[PDB]
Amino acid sequence: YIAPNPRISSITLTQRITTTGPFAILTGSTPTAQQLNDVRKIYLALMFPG
Amino acid sequence: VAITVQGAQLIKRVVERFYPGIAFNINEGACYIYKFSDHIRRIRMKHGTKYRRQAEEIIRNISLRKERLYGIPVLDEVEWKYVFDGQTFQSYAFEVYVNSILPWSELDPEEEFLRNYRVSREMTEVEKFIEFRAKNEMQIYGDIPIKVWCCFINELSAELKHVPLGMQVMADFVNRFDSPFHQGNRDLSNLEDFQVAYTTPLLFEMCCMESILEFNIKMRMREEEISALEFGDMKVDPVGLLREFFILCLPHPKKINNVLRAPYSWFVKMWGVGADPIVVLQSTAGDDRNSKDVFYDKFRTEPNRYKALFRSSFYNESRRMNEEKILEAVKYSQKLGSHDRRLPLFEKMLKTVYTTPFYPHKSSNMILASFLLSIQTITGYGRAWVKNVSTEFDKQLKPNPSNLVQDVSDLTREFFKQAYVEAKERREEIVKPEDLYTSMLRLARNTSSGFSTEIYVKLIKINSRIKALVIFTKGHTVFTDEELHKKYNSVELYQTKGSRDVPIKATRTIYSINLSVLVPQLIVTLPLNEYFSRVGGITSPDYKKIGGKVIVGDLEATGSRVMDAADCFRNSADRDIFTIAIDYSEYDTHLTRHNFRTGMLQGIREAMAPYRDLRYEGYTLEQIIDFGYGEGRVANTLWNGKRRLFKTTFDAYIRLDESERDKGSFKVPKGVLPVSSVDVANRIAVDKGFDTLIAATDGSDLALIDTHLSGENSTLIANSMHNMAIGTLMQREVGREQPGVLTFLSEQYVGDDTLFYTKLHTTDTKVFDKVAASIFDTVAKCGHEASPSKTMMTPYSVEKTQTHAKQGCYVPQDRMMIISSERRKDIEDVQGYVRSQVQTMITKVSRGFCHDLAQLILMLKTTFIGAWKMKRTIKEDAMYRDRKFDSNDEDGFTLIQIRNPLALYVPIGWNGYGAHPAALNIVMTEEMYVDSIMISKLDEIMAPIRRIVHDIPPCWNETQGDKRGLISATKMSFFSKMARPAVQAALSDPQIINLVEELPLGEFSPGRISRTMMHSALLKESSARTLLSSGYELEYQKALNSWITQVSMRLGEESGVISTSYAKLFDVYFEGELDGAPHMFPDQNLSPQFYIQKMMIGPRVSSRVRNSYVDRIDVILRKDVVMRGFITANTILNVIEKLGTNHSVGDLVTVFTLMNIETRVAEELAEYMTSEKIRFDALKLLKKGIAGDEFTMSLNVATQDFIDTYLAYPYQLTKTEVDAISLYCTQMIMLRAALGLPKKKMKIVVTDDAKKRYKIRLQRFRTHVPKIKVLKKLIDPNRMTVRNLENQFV
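So the sequences go chain by chain: B and K.
The numbering of the first sequence is the authors' numbering, which starts it at 302 and goes up by one.
According to the authors' numbering, the stretch in the second sequence is residues 2 to 459, 471 to 1302, in order.
Among the hints, a few may not be true.
Said to hold, decoys possible - What the simulated footprint calls covered on chain B by chain K, stretch by stretch (three residues with Cβ under 8 Å from a Cβ of chain K suffice, anywhere in the stretch; the number is not a length):
{"#": "1", "stretch": "312-321"}
{"#": "2", "stretch": "330-344"}
To be verified - Computed list of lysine-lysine pairs in BS3-like fashion (alpha-carbon distance at most 30 Å, straight line):
{"#": "3", "chain 1": "B", "residue 1": "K342", "chain 2": "K", "residue 2": "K418"}
{"#": "4", "chain 1": "K", "residue 1": "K270", "chain 2": "B", "residue 2": "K342"}
{"#": "5", "chain 1": "K", "residue 1": "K459", "chain 2": "K", "residue 2": "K989"}
Don't read these hints as lab results, they were simulated from the structure.
Ideal Cβ placement from N, Cα and C applies to all residues, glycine included.
Construct the complete structure from the given sequences, taking the supplied hints into account.
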């Protein structure tokens, strides 16, 4: 699995001036084991349509 | 019937017993006796000096006892033999003790607690090690010699006509074995020459404590007029139980008390829960279970819904664990000694703990409950020996799909990230690189300094530990690349462990950390320690914010134990609340890298992702993370501590070769012989052949630690956060396995302690058993260990942070030491020290202790503290002068001073102590004194102290001595980084400005700030303070000979200052009949003098009145990082008094910046000062600690409701003036309530006669204007208050 480029959410201009994304809190999270299993379930549902 | 005459007679007889033939007189305020010492005489004689009569001055003095020196008699301190007049009682406890003696052949050197080892007349090498151990672990310290306590015990036993068992065994010992040891009065830690056993001082301390408790319980029993204490419907005797405990614990005191302190607490917690009718006290507060707005209606009895549940297996095993624990301790005690006794009463009472009802409203049960928790106070400070053990990684629990370890790590990492975001939300952030070189002083109070530094003073070299000196000397080397890239895992670099004692348990180990590790930790962890200090959060499980969940820091914020912990009473009073308390075992041990450390490191690592653009002298933040924590830095580190030694024969050392005899660098104890390695120690160690001890010295036995350390900068936060993760897992598992049975209403995390307020929806035994089994199964699989014997799950009883509540009432436990102390202390200020002990005694008596015995103890302590500690000064013809002459004819003499006990009841400022005879919570002051003498009812109380005033000499106080006689040679090399740009600006000039830097700022001036800061840092160090203490004797002589017997009671004050004597300008009337309905209160275990106050005036039900102007100044000053530990409001006002208030904001900003206050605090303080100067009166209120004790915090006094109800005053007064009135009003109403006077409203009256009004106007005008000083400061009179005072009272 490949994560998106981190520069999509934030861009730096000067030493202390950086943009903030609307979903910084969600992007700062890390999945647990059950959430990883649920993501695998979601993808497995995606590859087999019906 | 007055206490003032009984205590005077008591202490008089104690004094005559201690010094036979004393000339002590009650009507004189002081007495002076001489003492002769020959120790200096011998050492002078070995230089060949010639003296007159040597032992004659002994023999003529001890026998004839009538020789005088300058008319002042000379006496000798009374012998050990006659302390109890030689009576005997053949107590069984004495043979119990002597049966417990042990010869040296049974030595176990690694013992945590010393056994009763015998002392032989001859010497052996192992006895040297035994002496070395005993000198350290058997110190008593304290503040009063034990012999004075024994004399007091004997005299009070004679007074009350009762014979404590402790005095019995004392007399039985002294009747045959004479002295136990010798103790010096100038330094009480000089205990030496053990006579019979190495454990005698423990015997004396425990016996005195037992006698004190026996006296206290009898007098408290007489106060309530009860015939016996009650358990259920059965009568019980407290002194019988105490003697029953004492006889059993005597074989091996410390070990038995430590192993036995837990079942007694469990019995108190478990008493009466299962009774069919339950008596509860109503309490009501907010919806949240931690609301602090409780109020109490009345008592009620109700049926118990939980009665059928107590047939559970869980409660049966909880009881059975404690029966095994009591029985094994009894067996061990019987086996060590030669006795077959047991604890019959306690095992009889333990059999039916559940069904016997508890009666909070009957004192016969409350006294018993309070006494059982206070029994354990007889083995204080519990000094012990500790061993160095490595991490033993093999027993660590590996994560597998059967445990929850990885889930714990993941959740704790998520919690670090969330808490970091929350801290960022509250404008708390990590330190900026501009603040790198100034924030290093902001370490937490649990931190410790690794390397001690060396200072040259002018001449002498000294060592110091405190952060200030070490940083000011070598702070620039902390961040240097040489010190960063080194690891403490070899012989050349290592760190040592320290130890500190605790009042009951075993000695606690602490870790010392080098600053190069602490500073990178601080850089990240500072904002979270700052953020978690706030209080008042919401603790519901469904609330998103985790800030309010952590109770660390949410303790003693109000300052009263009863007030801040009211949620315990509220939850115990509620029949619908089920409380659960999990007690872990070896928590700090089980914080592994598999479950705790790695997730924490990851939380910090992806925590600083938005800040990745910053740099610190080339290093980046994720490198600083490794600098703060890493292999060889915190984890996987070598640690040094106590040595490990082994048991061998003597001549086995003789067959050894020189390779095994090589002595290394590490020091070894006195009685142990060195040996090279631990391998040869294993080869040579023989168990049965005890002849000698050998200790390794090559460093092969240092401790290898890869576990969480108590000395780190984020220990409490990490611990509470880990407990939050554990509780989340517990809730998840109990919800999954048993849905709907248990619902969590509140979760509480503090330290390793966890608390839950929940609702239980079933009463079936099999469901409850499965729920408890699920909880224990989950906590077991989680990796920790939870003891089912200490874990508590009850409906009606609530405990947290050594605070207990049963059925809506407070059950206090008293652990305040009175005899011994944690460490040796030297009394720099006698008056403040006595103030401290009287304040602590207020807490003690508020926790259920007897008031009269407290008065007697303070009466004893007020006499002997100042004695024996003055030296090199002699008194002749009522004149003090230096020690004799160069003649060296009377060089062996010293003078001792005895103070009148009644000096305990003369106010501060009159060289005395501000205690009140009517009740200890009222503070004596001159106005209070004159009010008391004008009250007709108190005359019999006030009669003796009337003739004792104006006779008190000045008190010893080394603190006010401030001089420049401590010039240091070591300099402040890091000054170039500590000075603000405000300070740095004024030192690059060619002294042109130097001559215009003439502002009245005192020692905080450019060119001298560094020296003054260094000087203050040295005066923080006591080992540097000791140099200037030599010259204070001359100043004390000057204070003595400049004294005049005169009382001044100046009800005025310095015109800048206002005090509570101001209320004495007006007359005071008492009118109106207020409501006489008594109030309810949870603490039903008080002395009648305190009970009457708590009943006439209800508990406080609101916040105290708004903080003072000085309080606001101090709060503002608490914003500066570098000057908080150096600036008080007094320092600001002292500079202001010379600077003046008539300045603009820019002037004050510049002045504050020049005084090392950073510009933002300067601007804030300047603006606030300008606003106060323009708007209000701005005079600072001085209070004599009144309304500041433990008990007054819980009363409904010093509040707006109190003023609105009890007070009527003229409207012309100002806010500071009405506060000065209000404090006196609180004191007066408290005193009236204490004496049983009728409840009436109080008014301040101003009459219509012109002359009184003229004097009032004159006094107020002179008070609000500092006379000629108006020229000095150029204060504009156009301020509103002073301009308005033109026609206030015309």
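Hint by hint, here is what the structure shows:
| no. | hint | result |
| --- | --- | --- |
| 1 | 312-321 | holds (count 4) |
| 2 | 330-344 | holds (count 4) |
| 3 | B:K342 with K:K418 | holds, 27 Å |
| 4 | K:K270 with B:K342 | violated, 50 Å |
| 5 | K:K459 with K:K989 | holds, 25 Å |
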